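Let's start with one chain on its own, the form deposited without the ligand, as structure tokens.
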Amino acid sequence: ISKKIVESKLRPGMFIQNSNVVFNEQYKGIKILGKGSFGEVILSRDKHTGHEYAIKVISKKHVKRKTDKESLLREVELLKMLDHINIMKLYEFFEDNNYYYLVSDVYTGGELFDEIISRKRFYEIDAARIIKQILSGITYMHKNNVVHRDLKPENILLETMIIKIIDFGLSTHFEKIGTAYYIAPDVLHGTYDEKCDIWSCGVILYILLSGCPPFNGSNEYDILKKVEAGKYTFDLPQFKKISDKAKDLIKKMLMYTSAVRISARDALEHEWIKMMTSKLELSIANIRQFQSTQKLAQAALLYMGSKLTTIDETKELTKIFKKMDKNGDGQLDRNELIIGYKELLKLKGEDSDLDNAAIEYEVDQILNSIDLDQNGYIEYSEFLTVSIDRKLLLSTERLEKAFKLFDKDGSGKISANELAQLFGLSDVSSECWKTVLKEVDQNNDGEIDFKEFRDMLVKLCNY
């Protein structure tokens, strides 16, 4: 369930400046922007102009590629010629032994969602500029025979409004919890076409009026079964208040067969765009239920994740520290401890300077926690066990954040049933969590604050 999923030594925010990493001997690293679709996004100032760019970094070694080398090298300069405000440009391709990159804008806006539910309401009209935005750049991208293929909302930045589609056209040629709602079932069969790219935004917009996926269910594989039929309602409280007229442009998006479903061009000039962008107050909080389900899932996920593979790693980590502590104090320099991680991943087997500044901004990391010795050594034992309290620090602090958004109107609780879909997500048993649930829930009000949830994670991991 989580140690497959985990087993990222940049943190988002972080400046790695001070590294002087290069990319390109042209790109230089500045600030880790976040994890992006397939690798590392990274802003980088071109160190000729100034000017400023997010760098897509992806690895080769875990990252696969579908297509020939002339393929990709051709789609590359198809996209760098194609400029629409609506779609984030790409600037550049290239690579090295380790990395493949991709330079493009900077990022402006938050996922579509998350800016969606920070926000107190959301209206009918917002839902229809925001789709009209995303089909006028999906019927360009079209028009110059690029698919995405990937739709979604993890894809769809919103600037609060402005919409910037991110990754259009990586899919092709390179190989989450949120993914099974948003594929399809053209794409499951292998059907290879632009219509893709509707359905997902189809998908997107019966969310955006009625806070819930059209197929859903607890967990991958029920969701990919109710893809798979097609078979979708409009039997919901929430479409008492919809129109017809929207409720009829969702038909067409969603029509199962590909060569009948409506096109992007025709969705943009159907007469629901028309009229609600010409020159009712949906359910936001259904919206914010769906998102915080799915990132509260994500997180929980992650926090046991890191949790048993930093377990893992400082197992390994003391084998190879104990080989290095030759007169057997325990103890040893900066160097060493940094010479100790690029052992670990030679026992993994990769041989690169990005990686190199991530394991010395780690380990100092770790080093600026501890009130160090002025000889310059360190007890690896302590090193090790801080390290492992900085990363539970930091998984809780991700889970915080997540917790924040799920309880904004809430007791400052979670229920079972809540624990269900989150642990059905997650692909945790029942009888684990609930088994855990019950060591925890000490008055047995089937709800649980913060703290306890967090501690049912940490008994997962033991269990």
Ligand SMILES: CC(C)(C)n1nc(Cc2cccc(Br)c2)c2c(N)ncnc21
Contents of the next structure:
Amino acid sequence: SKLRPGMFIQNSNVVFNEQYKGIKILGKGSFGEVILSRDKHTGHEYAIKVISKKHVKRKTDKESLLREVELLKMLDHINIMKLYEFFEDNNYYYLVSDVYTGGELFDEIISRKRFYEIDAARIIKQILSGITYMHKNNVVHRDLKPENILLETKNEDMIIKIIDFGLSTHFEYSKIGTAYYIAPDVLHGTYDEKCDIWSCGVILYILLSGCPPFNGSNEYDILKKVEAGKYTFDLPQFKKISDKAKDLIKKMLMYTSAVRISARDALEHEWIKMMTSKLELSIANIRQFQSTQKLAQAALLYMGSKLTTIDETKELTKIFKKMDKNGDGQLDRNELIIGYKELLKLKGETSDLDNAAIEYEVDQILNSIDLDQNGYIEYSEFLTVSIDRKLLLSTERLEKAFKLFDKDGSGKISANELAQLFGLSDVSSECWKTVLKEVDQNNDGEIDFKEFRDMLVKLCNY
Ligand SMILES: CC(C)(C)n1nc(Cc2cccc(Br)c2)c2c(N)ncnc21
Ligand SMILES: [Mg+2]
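So the form deposited without the ligand is up there; where is the form solved in complex with the ligand?
Starting with the chain above, the whole complex follows.
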């Protein structure tokens, strides 16, 4: 968790397979992190997903994965992520793909001023076209979420790009919005290509209403409704939505996979052929549903970072204690890096990419401190700044998620929305309510952002 999006590593000179030079971290996806990399010889830029062998187990043998890759390399579709190459070392699996500067689908949608029914039709059509092509070539996604649906460019020429296709069949860990889209076929272990239709049917339902078919402020609550398969159109949003659109959803959300509509039949459905041929939807509900998920995970990452950083601080202090032989408290720049590495060795786990992140971590803390030019640093001061910087980064991510959440709000969070946020964060109702008392002083039932953060801090303290 030492690699953040946007961070440059080209000074570190990290090379993958002796031909791909790491340059910029684009972020993190399924099973690993994605790194912008340039070809050492040609100069092509690529996106490389870095899956580590220690954190992520493999569900299949080495022969089957290679055959799957060779199949994915020969597949070309406008809505499917291109896979150029697969390789591995002692610590990582590497997947080389194209660079998509667009971003997630639901993010671009809630960044727009408004959303129409025709827009949702064009989006679904591209998705189904990609799913159809992959199904014809016997490839199943199994894990289709709005996170796995990107755009090629920042446009308008909207081009949907489906990613992580076929990765879930071979990989498994050894986020928060996954239970909404998972098919009952997968939950029963007996899945086929029809599960991707279910996932797409759920997305269409959300694109049209702004609300999940199978809702809940908790994974167990959501998965129970998915298991039941009981959904409805009893919403104010579906009152203006065409019967053609409802007919498509009904066919895609069939519990029995044999009865469930296929990808090509859905692509040739009456609703798509009419709406994408040659009425404005609730964008507020989509924005509410998306930002709530984003703010909730930002809350988890905040509390997660603060709590994790404390324990490693107590761990690095022990290590730095055994390195400070004169007891002056000052350590070398080289000694600080060694301490970080000895933390990993005592945990079993270093890699050159990992060593690069460590140096970057150390330097960024040293760049925040008025350094004495004797070459020595107080490690207590070092760890203190380390804590504050990680707290600062967590707040900035919290500010960005809140900005999206409060686009058309009163600047405050309700008491109900906290229940939805902390519910998805698996936080006990007795916990955040007791903290809400200390945070809300005028008993308004509503609180601003600073007060919301104070809650997260006090929760790490309870
Ligand atoms: C937003 C971010 C998480 C940084 N991401 N994720 C992917 C998807 C992806 C999926 C499988 C293998 C690779 Br390479 C890349 C991806 C991409 N293909 N291009 C640019 N960013 C990407
Ligand atoms: Mg010393």
